[PDB]
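Shown next as structure tokens: one chain only, the form deposited without ligand FAD.
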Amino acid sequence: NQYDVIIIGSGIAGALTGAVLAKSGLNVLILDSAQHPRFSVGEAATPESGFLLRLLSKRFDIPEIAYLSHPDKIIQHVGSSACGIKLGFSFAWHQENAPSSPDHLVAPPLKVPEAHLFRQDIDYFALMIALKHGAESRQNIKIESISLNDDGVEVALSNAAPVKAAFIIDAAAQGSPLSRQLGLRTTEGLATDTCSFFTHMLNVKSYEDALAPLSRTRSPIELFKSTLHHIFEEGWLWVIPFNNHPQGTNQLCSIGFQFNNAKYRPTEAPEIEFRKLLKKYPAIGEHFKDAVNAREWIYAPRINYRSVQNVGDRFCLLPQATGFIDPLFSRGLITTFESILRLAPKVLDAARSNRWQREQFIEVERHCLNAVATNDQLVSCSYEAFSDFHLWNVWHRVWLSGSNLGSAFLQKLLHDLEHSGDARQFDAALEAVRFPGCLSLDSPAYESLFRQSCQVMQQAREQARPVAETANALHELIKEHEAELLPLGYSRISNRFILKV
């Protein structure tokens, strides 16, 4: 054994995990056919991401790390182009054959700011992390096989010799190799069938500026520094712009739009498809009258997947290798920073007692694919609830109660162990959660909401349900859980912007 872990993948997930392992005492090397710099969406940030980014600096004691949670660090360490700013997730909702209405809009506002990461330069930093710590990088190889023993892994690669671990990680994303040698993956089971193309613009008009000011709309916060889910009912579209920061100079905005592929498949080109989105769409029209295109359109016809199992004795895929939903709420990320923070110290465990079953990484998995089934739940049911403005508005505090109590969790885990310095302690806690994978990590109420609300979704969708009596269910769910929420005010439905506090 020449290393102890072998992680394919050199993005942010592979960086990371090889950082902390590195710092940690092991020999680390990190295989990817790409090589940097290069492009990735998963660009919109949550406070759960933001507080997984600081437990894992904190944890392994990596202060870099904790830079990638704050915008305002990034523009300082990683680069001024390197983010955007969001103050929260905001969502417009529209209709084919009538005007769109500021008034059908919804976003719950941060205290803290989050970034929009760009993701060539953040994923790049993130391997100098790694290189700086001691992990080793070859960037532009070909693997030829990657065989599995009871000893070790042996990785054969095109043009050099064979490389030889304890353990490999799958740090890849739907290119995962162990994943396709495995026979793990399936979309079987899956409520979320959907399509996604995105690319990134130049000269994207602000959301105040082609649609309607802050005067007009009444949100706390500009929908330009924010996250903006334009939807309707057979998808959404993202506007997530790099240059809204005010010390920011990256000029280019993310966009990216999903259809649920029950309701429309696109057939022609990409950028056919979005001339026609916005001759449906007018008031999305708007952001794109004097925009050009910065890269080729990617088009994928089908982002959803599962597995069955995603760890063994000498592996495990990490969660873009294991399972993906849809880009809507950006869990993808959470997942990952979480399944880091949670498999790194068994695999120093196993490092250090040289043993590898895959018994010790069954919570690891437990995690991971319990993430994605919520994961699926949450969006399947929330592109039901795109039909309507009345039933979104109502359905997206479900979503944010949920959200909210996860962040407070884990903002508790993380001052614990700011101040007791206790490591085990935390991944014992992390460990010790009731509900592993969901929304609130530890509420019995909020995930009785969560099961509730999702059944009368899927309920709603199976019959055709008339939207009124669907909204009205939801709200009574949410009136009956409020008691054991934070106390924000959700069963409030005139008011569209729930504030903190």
The other form holds:
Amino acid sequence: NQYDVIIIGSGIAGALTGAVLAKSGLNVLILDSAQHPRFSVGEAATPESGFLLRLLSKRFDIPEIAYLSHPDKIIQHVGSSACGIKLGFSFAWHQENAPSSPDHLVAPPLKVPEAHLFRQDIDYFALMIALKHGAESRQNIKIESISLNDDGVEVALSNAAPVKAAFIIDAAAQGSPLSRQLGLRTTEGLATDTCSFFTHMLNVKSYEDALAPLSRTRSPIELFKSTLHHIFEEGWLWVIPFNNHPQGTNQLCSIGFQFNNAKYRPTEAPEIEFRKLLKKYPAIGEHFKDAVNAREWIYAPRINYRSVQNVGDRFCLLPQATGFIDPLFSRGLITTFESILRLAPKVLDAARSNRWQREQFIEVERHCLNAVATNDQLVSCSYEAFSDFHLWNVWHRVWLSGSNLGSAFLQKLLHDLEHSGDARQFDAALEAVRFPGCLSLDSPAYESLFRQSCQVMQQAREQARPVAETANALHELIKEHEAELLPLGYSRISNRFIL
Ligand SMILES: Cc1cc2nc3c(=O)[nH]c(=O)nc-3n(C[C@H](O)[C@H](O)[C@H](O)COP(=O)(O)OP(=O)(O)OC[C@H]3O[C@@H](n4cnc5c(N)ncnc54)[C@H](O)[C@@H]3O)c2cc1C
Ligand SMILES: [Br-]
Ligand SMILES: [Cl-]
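Same protein, different form: I have the form deposited without ligand FAD, so give me the form deposited with ligand FAD bound.
Once more the chain from above appears, this time first in line as the rest of the complex follows.
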């Protein structure tokens, strides 16, 4: 075998996977059909993704991976166009045939700033980390076939010699050739059925200049410096600026709108569908008066999918190749970076002992399948919560309380790894969690709340219950479970900005 591991796809997942494996002593090859620079979606960084990036950096001793978790460090080391700032999430609610109220807004601010990842520069920077640590990159290739055997993997390429390796990691992310040929992908048993239009734009106005200033909204953060979600019955639109950091030089703002296909199926071209949306919601249109498009619209008719299995003797699909739900709540990078953190140590043990069996990577599958399953419950219920503001306001505390518990648990693992310096203890502690894939990670009290809350929302969809009844039901559940959650005051509805 020419190599130890072959990685398909040279975006952030594949490049970071290649970096840690090259650093750990494996002879790594990274294949890609596209080439850098190239555009990619997956821009909103979360607190969990920040800790998971810092864990990867510490666990495998690569300081440059930790630079991607903080916006100032991106600006300094990657480049000044490589990210915007993020001081939180903002969810502005809208209704067709009604003027938009500035009071219909929830915006839980963050403690430490996060990045809005300009992925063309971030993913190329991630590949450069892999290349500097000894990984080989081959771009612009054409995969003829991928053969899996009991003694190894063999990849055949157009106009080149075939390459061979012990393992193959699919990081190709929804153009996954290994997912196609194995017959793992399916949309069966998915609550979320959604499409997506997305692009990058110039001259997009800020929320403050377009809709309502800080004095009016009373928000502790500028929504300009946040992942802004414009939500409404049939779907949502995102405003993710890269031009919101003071030292930043990027002019672009990522814009993407999604529909629930059960409520609205788009019929016409992306630009026509966009203007029809701004007609429906004039408030959202205030962003795009003098705005112009910086690239083509991409239309994905169904972004949702999952897999029945995602590992074998000689392979392992990374989360994006495995399954995906929706941009909402930015769960893709969280699942991605955690799956690498779980996979990499097991691949090292396989490569070091020459044992390549499915049972060794079973905990990578269990996490990944549960994560997509959880996020499907989270998103499908969240899409149903868009129908009314008060319903959403109550509902988002279910997500937020889970995300805070999950962030604190990953922070605890980082704190123990930094002080103790014990890699095996960290790997075991991460594997020891009671609810792998879920939002809280380890808390049974939260998962009780989460799974009961989702039953209420699915009952509300199936029987078409009133929004006041559903909102009350969730409020009693929060009040029941509040004591076991963090002491933040999740139950008081009048507080729309949970510090
Ligand atoms: C519309 C949309 C919005 C999203 N929004 C968010 C968000 O707000 N927050 C968030 O955290 N996540 C989001 N995600 C998920 C996000 O895309 C992933 O978390 C992340 O981008 C995955 O990185 P990656 O390197 O695996 O994939 P990518 O960055 O897409 O890289 C994959 C690479 O594989 C290559 N490739 C494809 N097919 C083949 C083949 N047959 N052979 C060889 N190479 C191939 C591609 O050319 C590409 O270079 C979103 C996804 C979509 C579709
Ligand atoms: Br997801
Ligand atoms: Cl996501």
